[PDB]
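Note that this complex is displayed minus one protein chain, with the remaining chains in position.
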C-alpha cells in the first residue's frame, strides 16, 4: 500500500507500526538494497523510545534473513546515521525514531549510500514486495546468513567530526542545553564540554518514556526559564532525533529557524563560504527573514515545505545553506540532512567570532 | 501443529526455523506466562550460532510486544540459563541453541520459573495460538510496552555458583579443555583458571560458524590427541550449549557418560551426599556400569531414553544423581538440568580428593 | 549543586544492581571520620560515576568482597571490612553483609545501603536501624536528605 510517507514509515508502535511490519521492512528493503553485492552493509541507529528496542530487534531480524551485514549503532542522532552511512561506504542506514512526536510513536527512516532518502524507485519496490502475500524472497542458510558486528563507537566518529567543524573552541561561553531526553542526550553534552564550554544541562536524563515531554525543539518554555535561571549566554534545544534546533537568547526569548538561518548564513558570507551568497528556504519562512536577507546582499530561493524539496533545491545547483522556520537547518558542506548540533556549532561560531551576544545578532532580522 | 519436540522447537535456521516463527514463539509463549503479573521477567541466552543473533532479535521483538521484561544474557550455557531463571525468580528463560548439531541448525528451548521444562499444559496453549491465524492477543502501547535491560554479567553469577561447588581449588592439576567453540568458551576458561589449575585451551575460539566442527562431546577425537600432546592429566569435552560432558584420561582414552556417572556417584556416597545411595540412568547405559554399581553397593533405578524422564524419576523419589550415556548429567542438589561444567567440577573433586589419575578411576568400571 | 550529581549516579547504580541481584555494600562517610576503616580495603580515591560502582560489586572479582567507602564525593576505597553487630533485631536467613552494615552505623554517623544478594531488595542502615525493602523514590528522598 502506502507505507513510506515523508519521514519514512510511521505509526504508534506495536498497535500500528508493528514489529511484524518492521521485520517486513528490513527483509524487503535489504533485498532492494542487496542488488549490488550479495553482502550489503546496513547500519542501524535509534533514539531513546522504549519501542525502539522492539523495532530495532525486529528490524535487524529482517536484515539478517537476506544476508545483509548489520552494524548496530545504538542511540545516535539521525544526522549521525547519515554521516556514518556515507563515511563508511555502507549501502544504507536506518534510524528508528519519530522526531519530536510522543514517546508512543516511532518510525523507520532510510538513507542511501550517499546519505539522502532512498530513491523513490527503491521505496516503490519495497511496498511492491509488501503487497505480495508470499514471502518468496531468498532465505540464505548456514554461512550465507546475515552478519552483525556492533558499532556503538560511531557515536564519537560523528563526535570527532563535529569537533573539527568548530572554527575554534568555545572557551568563556556559557550555554544551557535541552536535548529533549532524546538521541542527542549523551552526544551533545560531551561535544560542548570537550569544546571547553560552560555547559548547563536539562532534559539530559532520558528513560525511554520521557522523550519530547515539555522539552525539545517543540516545547521551548522549559529552556527559556532555565536560561534565565542560570543566566547562561544562550540556550540550545535539539529534538528527539537531533535534526532540529531552537535557540534561546540571554533575555530568554526564542530564536526560531529563520533567525538561526539568518545568523549563520550572514556570518558565512563574511568568510566567503556562502556559495553564490544564496540561501534556500520554505514558504513557511517569515517575511522579515527575506527582508533582512537582501539587506546583507544575500539572495534567496524559495521552495515548498518538507526538506526533501529544500534538499532538492540545494542539489541541482550547488547551494550552501537551506532550512526551515522549524529549525531544521541543512549545511551541505558537512552533512546531507538537517543537523541540530551542526546547526548549533555554526551558531556558536557566530557567537564567539563577533563577541556579540545572541540577542543582538537576532535583532538584525525584524519579524513581521 | 507440532512445534515442541523433546528439545523444544528446532530446525535449520531461516529456512525451517524462520525468524517469523521465533517471533510468534516469544509473542504467544510470552502471553501464556503473562497470566500472573502484567510484566513477566523472561531472560534469554544463546550459544555462538550466527543464526543466534537473528533469532534473538525476532524473539525479543515478540517479548516486548506483550509487555514482558526481557534480560539478554549474551553467550551463556543452557545450565547458566536454568540457574539464573530460578535464582532471579524470573517467570521463564529461553535458550537459542541446537546443542552438538551442525552450525546451520538452531533451536528454541523453554524453562519454567523453577528451572525445568515448561509444563506440557503450557506448551499446548502456545501451540493452540500458533494455529489461530488471527493475532487477537493484546497490543500494549506507550509505557505498557515491554522493557529491556541487559544482564551480560549473568555469566559470572552462574560462574560464582560454580566456583563454590569446588571442594577446594584444583592446584597441581593440568587439565585440557575442548569447548566445541560454544557457549562454554569464555565461561569455562575463567572457571578452572580462577580455581588455580594448569589450563590448555582448544575449541576455545568460536566465530559463529565453527560450532561443533570436529570438536565437542560428539567428536572427542581432536581432544584425545591434544591431551596426549600437552601430556595433560585429563581433558574435558563440553558440547555446543554446555549441557554434556565427555572426559578423556591421561592415556587418551574416551571417558563416556556412564564412566563419569560411576566415578562421581562413588565419591558422593563416600561423602555420604549421595541421596539414598541410588543413581538414575537410561536404557542406553552399559551393562557393566550396573555391575560396577553393584560392586560399590549403589542401588539404581532406570528410566526411558531422553532426559525429561531422567528428571521425572529423581523428582518423585527425591533422588540425588542421574544422567545418560550422552554425558548429560544432572546433580539435583545444585542444578535442574544437565550441566557440563558442574559435572566436570565433580570429576575434578574426585581426582583431587583421591589423587588417582583418571585412567585408574575409570578402570573400576569394566565395559562389556 | 554538586549534590544532584553523585546522587543521580548512586540511584542509577543501585537500581541497576537491584534488578540483577548483585550483592552491594555501600557506606558513605558523614561526620564520623572512618579513616581506620578505609585502610582495610583497596585504595581507590576515584571520582564517583554510576559505571564504576556497578563494576565494583560484580560477582567474583578482587574488589567485590567487601564494602565501598564514600568520603567527600569520591570513592575512598573498595572491599573494606566493617564490624558485625550481633544485635537480635537482625532477622536471620540473611546478614553477612546486612550484619556488617547495621554494624558500621552502630559506631558512626554514616549511612549504609545494601542490595540483598538473595532477593534484590534495597536496604539502608543509619545508627543501627535497618529498613528493608526500600522503593526507588524512598532511596532518593532518603539520599536527598544526606
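Side notes on the structure shown:
As written, the chain order gives the labels A, B and C, with residue 1 at the start of each chain.
Heads up, the rule we're going with is that contacts are C-beta pairs under 8 Å (C-beta built on N, C-alpha and C of every residue); 3 or more make two chains touch, one makes a residue touch a chain.
From the options B:127, B:144, B:153 or B:364, the residue with contact to the unseen chain in the full assembly is B:153. Across B:11, B:74 or B:214, the residue that sits in touch with the chain not pictured is B:74.
When the missing chain is restored to the complex, the residue among A:6, A:38, A:156 or A:205 that touches it is A:156.
The chain that is not drawn here is touched, among residues C:56, C:125 or C:130, by C:56.
Counting the whole complex, the residues of subunit B in touch with the unshown chain are 74, 152-153, 155-156, 186, 189-190, 193-194, 199, 201, 204-205.
In the full complex, the hidden chain is touched by subunit A at residues 152-153, 156, 190, 193-194. Residue-level contact of subunit C with the missing chain is found at 42-47, 49-52, 54-56, 58, 61-64, 75, 78-79.
Note that in this section only the chains that are shown with their structure count from here on.
Work out the mean CA point of subunit A and of subunit C, and you get 42 Å between them.
Subunit B has its Cα centroid 46 Å from the Cα centroid of subunit A.
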